[PDB]
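To start, the structure under review is shown below, and the notes come after it.
With one protein chain held back, the other chains of the complex are shown just where they sit.
Lettered A, B and C in written order, each chain numbered from 1.
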Amino acid sequence: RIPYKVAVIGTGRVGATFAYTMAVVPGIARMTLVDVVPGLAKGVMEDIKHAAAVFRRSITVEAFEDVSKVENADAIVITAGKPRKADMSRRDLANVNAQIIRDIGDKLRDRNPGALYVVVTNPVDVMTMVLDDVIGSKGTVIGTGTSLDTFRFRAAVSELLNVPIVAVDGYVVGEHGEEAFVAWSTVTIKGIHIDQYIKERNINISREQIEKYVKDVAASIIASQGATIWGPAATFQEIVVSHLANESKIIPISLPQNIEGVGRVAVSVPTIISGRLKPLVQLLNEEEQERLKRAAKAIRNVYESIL
Amino acid sequence: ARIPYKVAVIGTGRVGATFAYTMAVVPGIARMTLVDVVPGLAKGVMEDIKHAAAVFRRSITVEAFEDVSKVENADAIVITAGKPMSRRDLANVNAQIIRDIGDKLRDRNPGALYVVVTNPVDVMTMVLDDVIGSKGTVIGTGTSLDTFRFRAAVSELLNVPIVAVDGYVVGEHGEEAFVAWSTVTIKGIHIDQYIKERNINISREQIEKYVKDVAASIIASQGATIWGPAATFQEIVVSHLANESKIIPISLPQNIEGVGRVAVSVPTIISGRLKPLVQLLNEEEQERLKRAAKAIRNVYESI
Amino acid sequence: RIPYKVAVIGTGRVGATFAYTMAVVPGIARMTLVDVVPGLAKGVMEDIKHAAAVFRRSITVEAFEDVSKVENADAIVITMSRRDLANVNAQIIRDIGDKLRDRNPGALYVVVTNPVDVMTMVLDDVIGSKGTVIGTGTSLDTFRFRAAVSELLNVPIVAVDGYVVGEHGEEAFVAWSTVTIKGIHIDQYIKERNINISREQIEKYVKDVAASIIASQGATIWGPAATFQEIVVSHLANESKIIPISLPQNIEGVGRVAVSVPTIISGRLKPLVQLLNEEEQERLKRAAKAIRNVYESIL
Partner (left out) sequence: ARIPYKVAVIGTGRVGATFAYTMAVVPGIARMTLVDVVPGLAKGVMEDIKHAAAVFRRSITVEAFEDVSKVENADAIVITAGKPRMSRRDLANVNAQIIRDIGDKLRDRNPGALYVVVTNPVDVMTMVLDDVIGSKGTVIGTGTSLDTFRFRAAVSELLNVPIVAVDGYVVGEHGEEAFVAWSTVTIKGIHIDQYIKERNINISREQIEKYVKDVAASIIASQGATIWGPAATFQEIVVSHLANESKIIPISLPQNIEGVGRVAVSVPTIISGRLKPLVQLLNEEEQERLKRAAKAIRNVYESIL
């Protein structure tokens, strides 16, 4: 039962699924849906109202075509931006989406004080750093980072070791994308570190086999439906609710922070999600922390190449 | 609720995939079977919803197939397959789609509840019922969404909470679906009395027009309804498998006085057995129901 | 979810359990707790507020020592021979009703006091058009019966349907025509699988279980608290679930009487006598005549 308002910037497949999740799963009361496409946010709103009627959930929804109409939002999830084309470099996408994130931030800044901005737009860590510059102290800027990569990794462990999903813990950290890495020291099954759980059950599964299965599963979703829709919508709800309901759940998110020897970079580490956000680098071992620093340097390199 | 049963989803396009997601993230169901003829589609939907179940910490089992013949021992089967034109032409093309699905599911799914979503839904319900017979229970979504869409309209126009509204849309799903105004109440007070005592100054006609304008806005923007229908499948399937005995208007093959056996929508008890309650309608609503029942039979007779 | 106020008159084991249920499961916006014992309702409220904090549920609870303090509630739950107990409890129920009647317009009154059918009629007489009066009737009996079926037939609870109807107490009867297992009539299910279990063994099992609860706990608590919550929420959220409850209705050959039949629980309450076969309707008529005999003896 939370009396706050959550705004959705871009009500495409991911945006609309996220809005549906908020409507039917316990938690949220007020919603703001925004999309540039005329009539799209309105239609997505009317359908979700019918679904709330089914679950007998009393919700209040507003739909607009202009981002400037968003005011007094407690959480703002941004799915807007252009997808990465096969030809484009990570620098080319950063340049295209940097202006998009800047223009959205500029229109929301003054009307939404104290709001948690959740950037989904890619490259997610670089985009979080762009929105964080624009917003500053007027709110809290975060990115989804490796939050979904973490749930996809746990789901592959659960499948490969024949254990229920509830039994698996562990995090995917660093730079979201192809370079995101498993923090193997945090990976447990019913609280038993994964190396001991495997050898004690004669399981013929290696770390490389788990990592390839995650990539293969992600690629099968991309090939058949064009993008991941259901998993990311669930993760935004988990991030937003943990923040607004002060749940203090550990979730890796892209968060601007001071990284030893690298500086202020948005990178994913296991973070406490509550009223305030607290990154816990100490949950990573000395080796994993050294790899996290390389990720932060890579993120900054892309950020400093923005024209 | 927490039930140990398996639900199959035949057709994992936008609607079926939303239903599968709903099952993965809300309490109730933990076993599901996803089917789609399009290569890799059902598998893709399955891997993605498993990622959402991991977020919600819900231990579920999902299987995905490309052949409907692989569905076995399902307790409920939601059918979203078929073409999305007149009611007669749509009936002939989709009747054969439903008959084929029926023949491949019948023997390997004993006692399963079949939920026909394929349009014209009352007609497709009759088609499957003939194929399935006594080997399972066949129903259609009928006017269940129409009902919630109407309540959503009343809640918004009267500025009352959604949980305060009761009432049913009945008959033939589509343009001839009608509000059973005798059943429409606000916190147990008949709607006419509620509006008059409070000087709300809204006509039954303005509410009905509002429903149509809202429905039109959904089509022009996303092509079809998605979220509302998926929520209704969850409601129906769970009320049946958990023996909840909720009253929901659904398309049910029933004997209609002076018409015969026809699948038409009336407020129905949704439990292990399904029981239509024509007596919830007044004399005049019952005459219109007989007329809707004839209209469905006519379309059925044209296949 | 539900923006209404529910009052609980009497916060003993049952009442306090019901209050806890409303706070942690469906989520209620407002709760009013009443108990004549000084400090009792107040302490239950403080403890339940701590449970709401654990579950991160926004609830607002008020506690009183006098029934006259209950105002604007949307639902109100009211927690030797059966003839003499009727004369004694009729005055208690009339006094509670007189205190609440004009301060709680449109409220659903839920009578738990025994004899529940007779008490439902007595409170209905006081309230009249100022709210809706119902009694718990055979709602718990139905869920107790289903749990016995699930146990003896080794089937999940969710597979069982069926109703216990009539007069709450020794005379309540199973409407066996409504009893199904995954929609299969219980007689057919048992035959097809060769289960050596009789209707008589099931009815006796139900009684032995209830006697064992009284012997160990002193009273039934968890089942009743769950049942009150199910009834109140179905009425306030217009869920239209079928639950047998004591409802003042017209019975053929009897007239006005509160008796238990499978009833539609929504904004309006619709009793469904036609779910019963002819023989069950004839036993039901006998239950209604016995209730009316008791009602007529207490004005």
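A few points about this structure:
Quick note on the criterion: a residue touches a chain if its C-beta (ideal position, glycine included) is under 8 Å from a C-beta of that chain, and two chains touch if they have at least 3 such contacts.
When you scan C:127, C:152, C:213 or C:254 for touch with the missing chain, the hit is C:213.
For the options C:147, C:152 or C:190, the residue in contact with the chain missing from this view is C:147. Interface note for the absent chain: among A:135, A:168, A:269 or A:299, the touching residue is A:168.
Within chain A, the residues in touch with the undisplayed chain are 1-3, 114, 140, 164, 166-169, 188-192, 244-251, 270, 272, 274-276, 278, 280, 282-283.
Contact between chain C and the unshown chain involves residues 16-17, 20-21, 23-25, 37, 39-40, 42-44, 46-58, 140, 143-144, 146-147, 150, 156-158, 160, 209, 212-213, 215-217, 220-223, 225-227, 229-230.
For chain B, the list of residues touching the undisplayed chain reads 1-4, 27, 30, 56-60, 242-244.
The working rule: only the chains that are shown with their structure count from here on.
When the interfaces B-C and A-C are ranked by how many C-beta pairs touch across them, B-C comes first.
Here the CA centre of chain B is 31 Å from the CA centre of chain C. Each chain gets a centre from the mean of its Cα atoms; for chain A and chain C, those two points are 47 Å apart.
Residue positions 161, 163 of chain B are each in touch with at least two other chains.
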